[PDB]
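2 protein chains.
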Amino acid sequence: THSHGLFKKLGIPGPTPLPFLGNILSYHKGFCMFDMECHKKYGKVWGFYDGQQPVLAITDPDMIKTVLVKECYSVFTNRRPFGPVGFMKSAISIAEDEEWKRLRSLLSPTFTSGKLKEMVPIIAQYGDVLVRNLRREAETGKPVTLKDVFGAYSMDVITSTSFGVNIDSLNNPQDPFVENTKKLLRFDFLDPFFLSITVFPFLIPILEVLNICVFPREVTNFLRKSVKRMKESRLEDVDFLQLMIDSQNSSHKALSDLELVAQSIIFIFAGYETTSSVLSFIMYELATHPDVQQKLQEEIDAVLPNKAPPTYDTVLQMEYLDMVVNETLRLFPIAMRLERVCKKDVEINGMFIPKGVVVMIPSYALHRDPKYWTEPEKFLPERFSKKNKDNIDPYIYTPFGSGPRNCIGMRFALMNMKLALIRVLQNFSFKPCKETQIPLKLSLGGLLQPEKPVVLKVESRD
Amino acid sequence: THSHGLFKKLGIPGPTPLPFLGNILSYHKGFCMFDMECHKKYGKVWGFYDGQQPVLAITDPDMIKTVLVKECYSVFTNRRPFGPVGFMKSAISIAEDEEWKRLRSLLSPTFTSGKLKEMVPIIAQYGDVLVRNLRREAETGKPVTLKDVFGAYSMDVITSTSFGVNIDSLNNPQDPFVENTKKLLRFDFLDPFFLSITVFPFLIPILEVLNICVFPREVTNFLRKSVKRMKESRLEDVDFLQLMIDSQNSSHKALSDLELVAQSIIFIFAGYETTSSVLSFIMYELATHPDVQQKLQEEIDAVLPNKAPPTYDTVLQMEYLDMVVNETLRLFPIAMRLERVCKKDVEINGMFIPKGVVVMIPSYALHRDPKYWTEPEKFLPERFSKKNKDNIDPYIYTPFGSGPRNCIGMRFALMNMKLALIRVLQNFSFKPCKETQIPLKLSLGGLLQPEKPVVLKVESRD
Ligand code: HEM
Ligand code: HEM
Ligand SMILES: O=C(Cc1cccnc1)N[C@H](CS[C@H](Cc1ccccc1)C(=O)NCc1cccnc1)Cc1ccccc1
Ligand SMILES: O=C(Cc1cccnc1)N[C@H](CS[C@H](Cc1ccccc1)C(=O)NCc1cccnc1)Cc1ccccc1
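So the sequences go chain by chain: S and L.
Be aware that the first sequence starts at 586, since it is given in our numbering, and climbs by one per residue.
Be aware that the second sequence starts at 586, since it is given in our numbering, and climbs by one per residue.
Treat the hints loosely; a few may be bogus.
One copy or two, either will do: identical chains are not told apart, so a pair holds if it fits within one copy or between any two.
Only pairs whose alpha carbons sit at most 25 Å apart, straight line, appear in this in silico DSS-like list of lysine-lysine [stated by the list, open to error]: (1) 940 x 929; (2) 674 x 594; (3) 940 x 674; (4) 929 x 838; (5) 594 x 974; (6) 963 x 700; (7) 594 x 813; (8) 686 x 928; (9) 940 x 838.
Please keep in mind that the hints were generated in silico from the structure rather than gathered at the bench.
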């Protein structure tokens, strides 16, 4: 409890921590419910303890901008230390300081709009595959589980845009390349293991010396050798792998081979469950708000008549589609929180922050803050209309973070999801079932996902 | 053994490491014998593994200067991570990066020649106490153990120059203030505990969370409350404590109370066994080289006739005394090694050094290098004569390190020891006994100290 007297000294409010545990027992109702209550009880800033680790929450847009943008390179550069990681220490999302600054520079040209526009035909091909699999489920009137049909789609886009492997994962759910990649599910930080890591972070170096890794050693080994097969088959005889292979064909020393494999794994880990989960949250709102679904289908047919195939330019042309995606990401920011480690004693916006404190931004609680959003629990896409989009603070609505360490795959993720929604809504309408959980209840765990899997009815428009 | 392929990749020679242990089994004959053999077998640079920690040894004066001086603030700023330390993390010798740079700036005015000249009368007073205790042992013809009579003297100077406590520790060897401070003996890094820390450094955070500290918790607790008693007795109603108390009466935030206590402990830990051990090494050489002892006694009587009390200016006037002290420190550089942690990938003097490597300078092996010293094992004080002192490279002879992180108490240590030798040689002559180990054999452990305690005969000149 020697690390529990810091917030009381600084005059910062917060829940009283227990010895060893800190405030982790308050996670019984999830990260989201704990952050909303703390914002309600304590005001604009407060503190708590993940075990012995002090966490300072901030909700001021100016102070958020200083952390994420202004003093990013100088003070708030890294996230909370994470382990055990093994060779995945070289992943950009885990790297720190100049290593991260180097990796971010080596991978930024990979995520330009020019490279993204060249990936659209590959992503659009599996929009068609998604339709033929949805139509087989629609011609047989059976509730469809969205996470399975979208999870199959997200897996398809990943395998093709990152390695050129072309699989119908829904009809080959057991191909060895699909088996390993489907094990890359995002971490439940409230599960028994990660809560124990919070109480015994001194055990992280012990797990590392035993080569134990939060990424399953069999999946990383499979992709490590699979990449080294592809690397020596293209060399010599458009995806993310080739962009990184061309990058290491050189300031910063070219991407290493092991460094390159770590980024490929991170791109799969980042885009698999996220793209599948968001697309399920979107179709839930469209099915429970049919007027929104019709207005979107009308816009899609206006830009793409006769079910015209979507393109890069016609996707950005659609504004109500962007309004629906943004509004869904408001109600369900799957990151929930943003974090930065304060690397040195600083004073920002008139507040002292000691070295070692984890500065946290509660994105979920701010996305539902009535002091910034009217009727925050309601699905209202008109908040993001070209008229009202000016009245939204970019440091309150942060579904992809902000600053130099925001989501590097933001453009890709938005284009990937919008291409799916266009092709799906051009051919189908989605209606609730009896077994559809209405209203949707969120999981009380550490992942932003529905309590029950979203099941809906799918009807063909032809 | 994943950290044992680094030196073979870089093309750097060195002994082949065993799994888990690295090269620690080669410490069976001590740090000194291992460094001399490695310098002999492998040449100017080599590498080895303290467990999994790579250690790169360098012996080039230009490359040594780049590490200790040139790229000190930018690359080689900290020493090897050390634990478990508890609150002694705030000690200057343990602090890192800007914390060390701040502490070094707060404590540098404490070690100026002006402050040292004001401490001479306090140090000289216990030169007289040292004589009355040596004379009681000399009037009774019994071999004197130097580490006990000098250890009592060194303890006397410490208690007075750091807190103003005035004790005859040889006749009060059981005063509570002497009991705790005599437990501050320097660490034997080849003892069972510190070798286990080398093999299981992942256990250091475990020892920290249990409040286990390499500094005995009872000694630190005794001095913590003892200092807070003295701090609130002088406040309000010349030593190291007062200099630091006046310093916190303020750029860098003033020394904290706990920070202040950590420095006081570090000054005791630094000056206790060191001053006692060096003074024993010096008197061993004087007793086995009587011509040197007579020449020194003649110089002392020439500057201070009629056993005149030594002063700050008359100590610096003595050149043969400085030659004897420097020559003894050459044969016995009690630090043995100098170390710096390479904090970022750099290329110095045409050699690449990866981040995380411990760069080591083998001071003991260089002090006895025949390629810089003629007859290196012989005690020849004339190497440091004002004629030959120009031919000695300050990066080969480094008894106090070099650069911004050299020994901050160098001036104090030299003045403290010289004041003792002047008062002792003005009144006594030291001759070998039958039980005097000649030639002196060094301890095969991790501390530079004689195998057997140095015992000598002491005769009065009056
Ligand atoms: C709906 C989908 C996604 C959402 C909502 C999302 C959101 C986020 C958020 C909130 C962060 C943290 C930002 C911060 O800490 O300030 C992040 C980081 C990151 N995201 Fe995503 N992401 C998505 C998909 C993707 C995809 C498809 C990729 C593909 C490469 C990706 C790659 C990354 C990387 C590499 C980082 C770490 C960046 C760094 O540390 O420099 N994400 N994302
Ligand atoms: C014969 C006596 C002594 C010898 C041979 C000696 C030698 C050394 C050496 C070799 C270093 C390391 C330098 C480096 O890493 O480059 C050091 C560091 C240090 N010494 Fe001593 N020392 C002696 C006595 C003292 C005394 C009396 C003090 C009293 C304050 C002291 C305080 C320190 C401190 C604080 C450091 C660490 C400096 C830093 O990290 O910034 N030493 N000493
Ligand atoms: O960088 C990302 C990757 C990502 C994932 C999905 C979509 N895009 C990007 N994720 C960030 C935080 S990185 C790290 C998690 C991690 C570990 C290993 C490899 C990759 C990432 C973390 O949580 N560190 C701090 C921490 C917190 C709590 C407990 N321990 C440590 C946040 C995020 C999460 C989900 C979706 C989006 C963003
Ligand atoms: O700073 C000093 C202090 C000192 C002592 C005596 C005289 N003056 C100064 N000592 C340096 C190295 S500091 C640290 C040891 C330490 C630990 C706690 C508190 C103080 C010091 C270390 O060894 N770190 C690296 C390391 C190496 C091996 C294994 N683990 C870690 C060296 C030295 C030693 C003896 C005499 C002089 C100098």
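Do the hints match the structure? See the list:
For the homomeric pair residue 940 and residue 929, the shortest alpha-carbon distances inside one copy (4 Å) and between copies (21 Å) are both at most 25 Å. Within a single copy, residue 674 and residue 594 get their C-alpha atoms only as close as 35 Å, which misses the 25 Å cut-off; across copies the closest is 21 Å, which meets it. In this assembly of identical chains, the alpha carbons of residue 940 and residue 674 lie at most 25 Å apart whether taken from the same copy (23 Å) or from different copies (14 Å). Proximity of residue 929 and residue 838 under a CA criterion of 25 Å is satisfied inter-copy only: 14 Å between copies versus 28 Å inside one chain copy.
Taking the closest pair of Cα atoms, residue 594 and residue 974 never come within 25 Å of each other, the shortest separation being 41 Å inside a single copy and 56 Å across copies. For a Cα distance limit of 25 Å, the shortest separation of residue 963 from residue 700 qualifies neither inside one copy, at 36 Å, nor across copies, at 72 Å. Only between protomers do residue 594 and residue 813 lie at most 25 Å apart by alpha-carbon distance; the minimum there is 21 Å, versus 54 Å within a single protomer. In this homomeric assembly, residue 686 and residue 928 come within 25 Å of each other (Cα to Cα) both inside a single copy, at 15 Å, and across copies, at 16 Å.
Taking the closest pair of Cα atoms, residue 940 and residue 838 come within 25 Å of each other only across two copies (14 Å); inside a single copy the shortest separation is 31 Å, beyond that limit.
Checked against the numbered hints listed earlier, the structure breaks hints 5 and 6; every other hint is satisfied.
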